[PDB]
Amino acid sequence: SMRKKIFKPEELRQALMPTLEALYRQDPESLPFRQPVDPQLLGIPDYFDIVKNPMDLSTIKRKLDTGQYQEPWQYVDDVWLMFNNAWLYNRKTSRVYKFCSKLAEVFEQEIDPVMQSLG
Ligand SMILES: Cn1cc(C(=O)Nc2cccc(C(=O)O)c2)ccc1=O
């Protein structure tokens, strides 16, 4: 069958970290994504009922820093999970939803040349 895990996790860390840094540079749009959603703090007790697999920038960063991503698409999947969770949970008219859309646009712009560099 197909080859798997051809890149070292540390090669993926080096190649992909600039795309994550681009998200962190978005001010104010990254602020709601820097830390895990806290439903008690935010007064949204249904959050974990709706969002079964939460994700945020700090979790992605720690996974990439520590070499937990073994394939480039696993990193992409977690970034998309973060955005899809926020689009699912929040009203389309909301500030967090709009900020999510901004981060997603930045991510798409940054990820395509990096994925090409892994080709
Ligand atoms: C991803 N996400 C985030 C929030 C949120 O408001 N988080 C938060 C937590 C601390 C600070 C800040 C800040 O904007 O300063 C934001 C609410 C729903 C949601 O889906």
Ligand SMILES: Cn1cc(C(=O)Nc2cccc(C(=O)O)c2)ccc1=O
Contents of the next structure:
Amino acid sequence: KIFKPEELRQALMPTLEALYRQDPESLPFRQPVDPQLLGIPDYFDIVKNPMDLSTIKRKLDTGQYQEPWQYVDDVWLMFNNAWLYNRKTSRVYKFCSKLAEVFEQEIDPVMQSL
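What would you give as the form deposited without this ligand, now that the form deposited with this ligand bound is on the page?
No partner chains or extra molecules come along with it, only the chain itself.
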């Protein structure tokens, strides 16, 4: 099965929009973590492969996911990075958990249809 790039984008986009719709929970995820601006030099020692919503959106818009599971892997990468780096009761961690709840609800039927 070979996916047409614009069809894959159309099918997956609503799941990404669902994440952006979460306010305030998407706010820490709408742009990359910048350890230099934040002064957290330990971040890239723990998070080897950073990911965020803006990067996923760009990849989804520019034919970078040839198969749906590649998009799903990047969403989970974003979540797992945040859940590894941050305290469980931190705002980021709690917001991450809400996005993951929304994502699983939205993605499951889409992947079955694809």
